[PDB]
Amino acid sequence: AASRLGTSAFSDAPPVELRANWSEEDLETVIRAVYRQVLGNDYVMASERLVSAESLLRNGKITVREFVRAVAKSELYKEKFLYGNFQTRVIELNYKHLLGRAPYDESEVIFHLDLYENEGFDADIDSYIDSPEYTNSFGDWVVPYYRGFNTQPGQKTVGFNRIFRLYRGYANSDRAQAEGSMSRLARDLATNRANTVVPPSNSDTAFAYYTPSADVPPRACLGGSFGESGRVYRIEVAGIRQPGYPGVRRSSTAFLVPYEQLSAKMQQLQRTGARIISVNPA
Amino acid sequence: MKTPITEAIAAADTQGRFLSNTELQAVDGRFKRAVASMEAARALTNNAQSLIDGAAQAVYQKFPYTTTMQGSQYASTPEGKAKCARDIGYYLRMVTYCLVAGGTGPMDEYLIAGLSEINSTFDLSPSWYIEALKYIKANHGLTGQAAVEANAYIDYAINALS
Amino acid sequence: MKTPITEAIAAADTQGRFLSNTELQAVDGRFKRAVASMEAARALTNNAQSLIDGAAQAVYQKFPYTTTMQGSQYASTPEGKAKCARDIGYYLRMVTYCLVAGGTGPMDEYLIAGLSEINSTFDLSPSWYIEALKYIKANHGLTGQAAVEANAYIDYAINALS
Amino acid sequence: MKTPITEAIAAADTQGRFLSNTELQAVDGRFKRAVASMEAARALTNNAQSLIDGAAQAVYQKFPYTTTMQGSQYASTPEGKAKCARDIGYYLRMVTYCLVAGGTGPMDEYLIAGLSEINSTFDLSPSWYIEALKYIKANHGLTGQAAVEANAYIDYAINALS
Amino acid sequence: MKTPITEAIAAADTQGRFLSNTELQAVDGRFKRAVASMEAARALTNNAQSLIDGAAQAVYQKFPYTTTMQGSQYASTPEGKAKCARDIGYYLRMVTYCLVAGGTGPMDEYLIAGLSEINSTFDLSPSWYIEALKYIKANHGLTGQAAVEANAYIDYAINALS
Amino acid sequence: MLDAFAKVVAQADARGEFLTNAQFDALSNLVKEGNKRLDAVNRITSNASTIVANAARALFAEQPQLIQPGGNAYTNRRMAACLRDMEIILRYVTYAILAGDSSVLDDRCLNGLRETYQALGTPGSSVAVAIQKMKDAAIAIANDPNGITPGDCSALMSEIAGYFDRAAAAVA
Amino acid sequence: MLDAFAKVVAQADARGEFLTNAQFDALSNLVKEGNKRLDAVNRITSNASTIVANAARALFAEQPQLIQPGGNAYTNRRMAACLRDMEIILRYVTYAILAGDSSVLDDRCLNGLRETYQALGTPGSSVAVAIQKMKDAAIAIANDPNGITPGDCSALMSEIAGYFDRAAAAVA
Amino acid sequence: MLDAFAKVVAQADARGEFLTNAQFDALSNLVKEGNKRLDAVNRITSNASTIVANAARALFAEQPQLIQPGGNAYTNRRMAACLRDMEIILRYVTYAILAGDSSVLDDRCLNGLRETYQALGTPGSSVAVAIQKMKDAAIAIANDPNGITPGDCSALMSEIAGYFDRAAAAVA
Ligand SMILES: CCC1=C(C)/C(=C/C2=NC(=C\c3[nH]c(/C=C4\NC(=O)[C@H](C)[C@H]4CC)c(C)c3CCC(=O)O)/C(CCC(=O)O)=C2C)NC1=O
Ligand SMILES: CCC1=C(C)/C(=C/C2=NC(=C\c3[nH]c(/C=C4\NC(=O)[C@H](C)[C@H]4CC)c(C)c3CCC(=O)O)/C(CCC(=O)O)=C2C)NC1=O
Ligand SMILES: CCC1=C(C)/C(=C/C2=NC(=C\c3[nH]c(/C=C4\NC(=O)[C@H](C)[C@H]4CC)c(C)c3CCC(=O)O)/C(CCC(=O)O)=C2C)NC1=O
Ligand SMILES: CCC1=C(C)/C(=C/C2=NC(=C\c3[nH]c(/C=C4\NC(=O)[C@H](C)[C@H]4CC)c(C)c3CCC(=O)O)/C(CCC(=O)O)=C2C)NC1=O
Ligand SMILES: CCC1=C(C)/C(=C/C2=NC(=C\c3[nH]c(/C=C4\NC(=O)[C@H](C)[C@H]4CC)c(C)c3CCC(=O)O)/C(CCC(=O)O)=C2C)NC1=O
Ligand SMILES: CCC1=C(C)/C(=C/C2=NC(=C\c3[nH]c(/C=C4\NC(=O)[C@H](C)[C@H]4CC)c(C)c3CCC(=O)O)/C(CCC(=O)O)=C2C)NC1=O
Ligand SMILES: CCC1=C(C)/C(=C/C2=NC(=C\c3[nH]c(/C=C4\NC(=O)[C@H](C)[C@H]4CC)c(C)c3CCC(=O)O)/C(CCC(=O)O)=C2C)NC1=O
Ligand SMILES: CCC1=C(C)/C(=C/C2=NC(=C\c3[nH]c(/C=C4\NC(=O)[C@H](C)[C@H]4CC)c(C)c3CCC(=O)O)/C(CCC(=O)O)=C2C)NC1=O
Ligand SMILES: CCC1=C(C)/C(=C/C2=NC(=C\c3[nH]c(/C=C4\NC(=O)[C@H](C)[C@H]4CC)c(C)c3CCC(=O)O)/C(CCC(=O)O)=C2C)NC1=O
Ligand SMILES: CCC1=C(C)/C(=C/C2=NC(=C\c3[nH]c(/C=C4\NC(=O)[C@H](C)[C@H]4CC)c(C)c3CCC(=O)O)/C(CCC(=O)O)=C2C)NC1=O
Ligand SMILES: CCC1=C(C)/C(=C/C2=NC(=C\c3[nH]c(/C=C4\NC(=O)[C@H](C)[C@H]4CC)c(C)c3CCC(=O)O)/C(CCC(=O)O)=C2C)NC1=O
Ligand SMILES: CCC1=C(C)/C(=C/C2=NC(=C\c3[nH]c(/C=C4\NC(=O)[C@H](C)[C@H]4CC)c(C)c3CCC(=O)O)/C(CCC(=O)O)=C2C)NC1=O
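Chains as they are written, first to last, in the UniProt record's numbering: chain G, 6 to 287; chain Y, 1 to 162; chain F, 1 to 162; chain S, 1 to 162; chain L, 1 to 162; chain C, 1 to 172; chain Z, 1 to 172; chain X, 1 to 172.
FYI, nobody ran anything at the bench for these hints, they're computed from the structure.
Take the hints with a grain of salt, since some may be wrong.
[As the list claims (entries may be wrong)] Dumping the calculated BS3-like pairs for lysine-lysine here, alpha-carbon to alpha-carbon at most 30 Å: (1) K32/F x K32/C; (2) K134/Y x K62/S; (3) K32/L x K81/L; (4) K81/S x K62/Y; (5) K81/S x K133/X; (6) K137/L x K32/Z; (7) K7/Z x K81/S; (8) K81/Y x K62/S; (9) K137/S x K2/S; (10) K32/F x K81/F; (11) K7/Z x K32/L; (12) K32/Y x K7/X; (13) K83/L x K134/L; (14) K81/Y x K36/C; (15) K134/Y x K36/X; (16) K133/X x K137/Y; (17) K83/L x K62/L; (18) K32/Z x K32/L; (19) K135/Z x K32/S; (20) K83/Y x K134/Y.
Given the sequences, and given the hints that come with them, work out the whole structure.
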């Protein structure tokens, strides 16, 4: 299941280490890929590229690790993400761009935030860059890639869910996303709450399903529900627009429905135009 | 999959450039080889029963212990014989897919990926399938460059099992 | 360079696997097209001087102001006319390198890289060379698929300059 | 290697702090258990020859096909019987090493690392060594906690082969 | 918290391996020491009132200036005396928690974390608490290994303050 | 990324069995018309820059509010981004034409584009108009009857239109 | 991550009261039967590979739709994934048994596993069936009365059954 | 990396002269015998695994010191490394054969390879013996006259031998 989830093809690793480290062409590719991963697929204009770093990069004086750090600490990166977002959101973006994953638990935010508060941002990026994870998955000669999709390293299951919150498509950039300018994985991270996977748009209608548990039914039924034979299936929906009496209200929401009624409820929801995000047993 | 067409497309995409004459030449080569490739695929898929049943008997002869020793990993039981037929059929089906695809992509993704883990966990010694593939490589009954293509993919499987 | 042969080799090298039939098919296509490619290269080189001088006059006619306005970035002086001849000769020599290499490797590495930087610093507007390449593309005097491929490379250069 | 003492040292080294009382307690427990571990190691090495020979016969009985089938990877030849007496001996030697080291370090560095690769290149079957290890675990002739530790290492190898 | 059992589990989890006999031996040592640990913890908590009030008076005697000088940081007011009692109680409670947990975990998570910052911002000179810790170390009322382990943890706290 | 051959193989793998004679004939039809496919993709790639440039000039002539101050194609940085995105759509459509399947077009390029533009504020309908301008230009360039050995090509031209249409509809 | 002793300490710290005598004796009881706990984790970890393999054979015999083409445990790489994600659950359950609490099992393995499987398409009922297949095998292998000094282990067996069941229900 | 075509064009670009008629006909000769080159590389790569395995068995039989305890091809981890490097050399030589030039053989192999073996302490002379065994195996399999169209490919066989010799001399 590749196309719907969004992982079109992320199925190899681009090193630059070679006898021909320049390789006369391959270095161009490596530079592009670093820009795509570190700057979050931002469209960097030609004039503002970090020419000084690339100089040392071909010369061999700096490794790919040093190149990634140079971009990460350069003001090019800072203007896009660091200066303009909530600090916790910046921590999330750092995890996405440098270590190719999402925060697995609240302790990650605790540690990185404390670094930022005392040592400064430069030290925060340093910690990501030289963390054991970066040193192992990548190797100072391998451009960072989104390894969060693969589960081989050893990670909390929630990680998979969480990475799909940050990656909202191949085309998407974190400077320009549906929920941008505010924390995307903050309220959930404190409560260790799982997230339903929101597939990115693909030649069909899209309705980004925000999931604030402030006003939603619980994940479980927490009762007998209607009491009819069979368990209680929780159905989510986003784009409810047709029946606006005061204005529909809470256009994106979930309903806990007993099994026997699901069919009926389904058609009602389809009538309003909302595309059901998920139907999970509760 | 690692199809010649898709490989050229990916090569152009990682550099960001529009499809150059290099990639077009590559896909043209694939189209030129496709006539023989499709002939070979037709031969394998139209004679599948002979190839698979004969391969099953060939592995039973090469490794007699596999058709006597008691245990689930062996085909001594009739259920195991059915399993052997199904898996040999899977191998032939994948080789036909690879023949029509024009590359080794399909067998990479639906056979070779993680083959070691499975062959170790369920005690399925790779040598069995290696000998079966040898039989298929000898009885395919192809000729010309079509035979060359079919044998190339079969030997890819053989070397991957090893 | 991005030569079809070495592109296939690199594609196999990044995945650490022996050359599969995919890459072999690609190289086969390159060899098949090489007959026409070499014919085209011979054609362009044999009448190279004629085409170079014709293109120089073409640019002079399309942009008369380039032959009159005083400045270092103009061909008003005989030295400027000499440098103009040298540049258009470079473009033709590079296209004949690209024809023989079998891909856009030579054009990419020995030209087209930082071309924007140079054309902006010394104030040589790309349009001049674009029109010159257009003249070459119209007067090359090739026929058939040889003409097709020569045009394709020239137009790659044209679009790169733009 | 992954010896208890050294892993405690590495754990302190990653934090950059002097050895705290927790680590010292751990290594004290290691030293307390070392007396029994070394007694068990002496016992295992004193009857090593009988164990190795008995395991070689056990695998011959479980897999008679391996003593008749012609080929390099079989014990049908006296050279193959020598190879069996070599490899089974290596596994028993590694078990004694693990017993002395108080951890799986030696097993990982000298046996398990790359075991998957070797059993596929030389056409060896892991089941052979698994059966031999089972014989060793049944005839080790140890008692008590020392027996528990030895059987744990043997089973580590068994599960690694599988 | 950083408790021996959980630390071993986390060490195994970061490498994705089943709990090998090294970790099991460590936890066994923990259980073997737990009898004395629980005895010491029960003794400390049953006599906690004496050790908290006496420690308060001990710091009042070692530092007369802390119970007279005007200021919020001092205990000259009865409210300040209550604050002092509560903090000494916190230290004693944490030592009991650490004794029950068999490791430094509780002490580091609920006390040592940011202890320097808080003592340096609210003007709570660490010398006060280290003297109080010394008093409770002296009247610990513990003997044998129960004594030694408890005093070790107390010493950890004093070294953490300074 | 799936191409035509790969698409047929993947369906056949889902159902197991073995490649049917009908599927063989379909692929043979694909290869016997392959020269046409390659010629079309070559023509479109050779004029990529002029296609994008001409379509851009037309778009900004037809919808001036985009380039007026405060619109999304203003400030010379967003203009660069807009030109980039037009060229990228053309590039992935060219990929699709060479492949013969639209899987590549929806798997990377159109995968997430809708929400990207929704968040940016860029008018999706205008982008669709621009893609349609490119559609007419490129199909005319490929269907130019002079310059190559004549023959039937209308099916391939309709396929090119289909790819451009898919992109334009998904953005709007 | 809270082990038994840490759990008691944390719930005493939240209330702010010294450990009460009742809690003391509860922990002492846990220490008294600790050797049994270590024995159980040793047995399961010693035969992990065989446990997973046998349970897998049973699962594919009882639910053939997995092995049948087009399913979720077909194509030999998804077979590898299925074996991996059975042994993963076994591993985290063994962690839980050694800990004496389900905290690690619910924090790092089963905390949203349901949603991940939902997105992938992996049938969530079948994973529960697989966990049950492993449950009977593991409980039997741990309760094997031959090979160790005899005694009571029924309580510990019920505890590990509880861990397996918690995971099986949370993944369904 | 410069294959044969790329090599000649690169030196001609360094001199700055249009490709001369002699160079054109040399390249045409290369293309005329290209089918032979492709056939040879296909046959070598089809038997890669067997070539490496048989050569390895022979090397360890002729030089038992390597597999004796304390030797460099002991410990089963170093055995895996040795097999890996033998197959790596075979892989890069096959790349070289397809290219027609030794550029790939020298760039990404043999360049700073002698030093690595020398620092590790692995005998380079033994590595050379292994390369020679693989040379005989590959030249025999690549000149096998049964199962193929007739012809004479002795020139290509000598070229293959030259590549292997270059590697063996660079490591020893
Ligand atoms: C501390 C700032 C800094 C400096 C100084 C620097 C120097 C520098 N100049 C380079 C290239 C170069 N520099 C030149 C320069 C010259 N060619 C000539 O004919 C002239 C005599 C001369 C200019 C006056 C050339 C030709 C190259 C290209 C080398 C090549 O790729 O073949 C390279 C090779 C790698 C690359 O191009 O990135 C480095 C590292 N890099 C830096 O980051
Ligand atoms: C934009 C910069 C920024 C802010 C503001 C921020 C807030 C923030 N404050 C936190 C903690 C906290 N913040 C407070 C704050 C207070 N408690 C009180 O009793 C007072 C009423 C109040 C201070 C006057 C507390 C108690 C915690 C700890 C919560 C916990 O561990 O559960 C945490 C939890 C993670 C951690 O402790 O590392 C965050 C994310 N994070 C940021 O990156
Ligand atoms: C390879 C597939 C792919 C696509 C398609 C893609 C789209 C894409 N277009 C963007 C921007 C943009 N896209 C436009 C587009 C337009 N504005 C207009 O007025 C026109 C109607 C229209 C062009 C036809 C503009 C103006 C921006 C820049 C907005 C900004 O950065 O402020 C951005 C992010 C902001 C940035 O440029 O940094 C993305 C991610 N990203 C991808 O990876
Ligand atoms: C009492 C609290 C309350 C709020 C806040 C509320 C919001 C609300 N506004 C809606 C519609 C809408 N709201 C807008 C609003 C805007 N359109 C624009 O172009 C602007 C950018 C923006 C105003 C400046 C639009 C266009 C719709 C219709 C959407 C549609 O039919 O697709 C809808 C969809 C269903 C409906 O139309 O009834 C909701 C739920 N409803 C409520 O009951
Ligand atoms: C489409 C790609 C694909 C492959 C290759 C594949 C192999 C494969 N073969 C299997 C079993 C098997 N394979 C065999 C095969 C043989 N038995 C013999 O005696 C012979 C010597 C040999 C045939 C030549 C047998 C008997 C089993 C069942 C073993 C068991 O139940 O434990 C299993 C275990 C699950 C099962 O019971 O089917 C897998 C996964 N599965 C796949 O999805
Ligand atoms: C192989 C790749 C390559 C290219 C493309 C190249 C071009 C090139 N042409 C140049 C100059 C020049 N080229 C011209 C050429 C022209 N005068 C005209 O009237 C025409 C419109 C035009 C020819 C079409 C002129 C006038 C200058 C001098 C500009 C100056 O000194 O200000 C310069 C500046 C340094 C110099 O004087 O050589 C470069 C780098 N050099 C290269 O190595
Ligand atoms: C120190 C750790 C270590 C291990 C484990 C090891 C395994 C190992 N066993 C090998 C061969 C072998 N292993 C066997 C073993 C067996 N034959 C049978 O019939 C039985 C069922 C089984 C023994 C009970 C045989 C016969 C060979 C020779 C195969 C050949 O030369 O092709 C080889 C190839 C080199 C050789 O011929 O010795 C290695 C590397 N090598 C090591 O250095
Ligand atoms: C659970 C871990 C923990 C510790 C250790 C802790 C210390 C601590 N002690 C405090 C105050 C205080 N602590 C004292 C303690 C003393 N006065 C004396 O004369 C003695 C020498 C000494 C006792 C030995 C006093 C008087 C204050 C009040 C100071 C003020 O309000 O400025 C405060 C300020 C907040 C408050 O008013 O309570 C903290 C945070 N808090 C904690 O949560
Ligand atoms: C570099 C790899 C490569 C390519 C790209 C390639 C293309 C290619 N396509 C061809 C055929 C063709 N070319 C057309 C072209 C057309 N007829 C029309 O009426 C339309 C206006 C137009 C559609 C765009 C047609 C219909 C064929 C098929 C007939 C044939 O195969 O000769 C031909 C032979 C005759 C010709 O040049 O048209 C070549 C060489 N061959 C190759 O080896
Ligand atoms: C450490 C905790 C942990 C868990 C629980 C975990 C589960 C997990 N299983 C996955 C995949 C998968 N899991 C399965 C498993 C199954 N196939 C079946 O037929 C059965 C019903 C089922 C086994 C019982 C399959 C087939 C995939 C691949 C799905 C795909 O690529 O489309 C993936 C996606 C990434 C990957 O391939 O690894 C995750 C994250 N990963 C983890 O790190
Ligand atoms: C390396 C870590 C480690 C292990 C493995 C270990 C084992 C161990 N198990 C023991 C006994 C025992 N083992 C059991 C176990 C069982 N009773 C049953 O009915 C079941 C069939 C079975 C559950 C597995 C019981 C009840 C005792 C006696 C009481 C006890 O100590 O647990 C004893 C004490 C008496 C003796 O020496 O036999 C030890 C030392 N000790 C350790 O430090
Ligand atoms: C996909 C990559 C690829 C391969 C592998 C391939 C094989 C291939 N070999 C061929 C011919 C040939 N192959 C040979 C090969 C040999 N003659 C000998 O005496 C030797 C023992 C052996 C070389 C070592 C010869 C002599 C010809 C015919 C004449 C020639 O093409 O030079 C031909 C052309 C005529 C034909 O057989 O159909 C092909 C297509 N073609 C390809 O496109």
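Hint-by-hint comparison with the structure:
Between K32/F and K32/C the alpha-carbon distance is near 18 Å, which keeps this suggested pair within the 30 Å criterion. Restraint check for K134/Y and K62/S: the C-alpha separation of about 28 Å stays at or below 30 Å, so the hint holds. Between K32/L and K81/L, the direct Cα distance comes to roughly 41 Å. Violation of the 30 Å bound is thereby established for this hinted pair. Note on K81/S and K62/Y: the hinted pairing holds, with a Cα-Cα distance of about 22 Å set against a maximum of 30 Å.
For the hint pairing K81/S with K133/X, the CA-to-CA distance comes to about 27 Å; that is within 30 Å, so the pair holds. At roughly 28 Å between alpha-carbon atoms, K137/L and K32/Z fall within 30 Å of each other, so this suggested pair holds. A C-alpha spacing of about 57 Å is found between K7/Z and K81/S, which places the hinted pair above 30 Å, so the restraint is violated. Taking the CA atoms of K81/Y and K62/S, the gap is about 22 Å. The hint holds against a cut of 30 Å.
Of the supplied pair hints, the one linking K137/S and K2/S holds, its CA atoms being roughly 23 Å apart against a limit of 30 Å. For the suggested pair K32/F and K81/F, the alpha carbons sit about 41 Å apart, so the restraint of at most 30 Å is broken. Of the supplied pair hints, the one linking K7/Z and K32/L holds, its CA atoms being roughly 20 Å apart against a limit of 30 Å. Note on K32/Y and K7/X: the hinted pairing holds, with a Cα-Cα distance of about 28 Å set against a maximum of 30 Å.
A distance of roughly 19 Å separates the Cα atoms of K83/L and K134/L; the hinted pair therefore holds under the 30 Å criterion. Between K81/Y and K36/C the CA atoms are separated by roughly 49 Å; this puts the pair beyond 30 Å, and the hint is violated. A C-alpha spacing of about 25 Å is found between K134/Y and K36/X, which places the hinted pair at or below 30 Å, so the restraint holds. The hinted pair formed by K133/X and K137/Y meets the criterion: a straight-line CA distance of about 27 Å does not exceed 30 Å.
Distance restraint check for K83/L and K62/L: the Cα-Cα separation of roughly 18 Å lies within the 30 Å cut-off, and the hinted pair is therefore satisfied. For the given pair, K32/Z sits about 9 Å from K32/L by alpha-carbon distance, which is consistent with the 30 Å threshold. Among the hinted pairs, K135/Z with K32/S is inconsistent with the structure: their alpha-carbon atoms are about 36 Å apart, more than 30 Å. Only pairs whose Cα atoms come within 30 Å are accepted, and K83/Y paired with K134/Y is accepted, the gap being roughly 19 Å.
Taken one by one, the earlier hints fail for this structure at numbers 3, 7, 10, 14 and 19, listed in ascending order.
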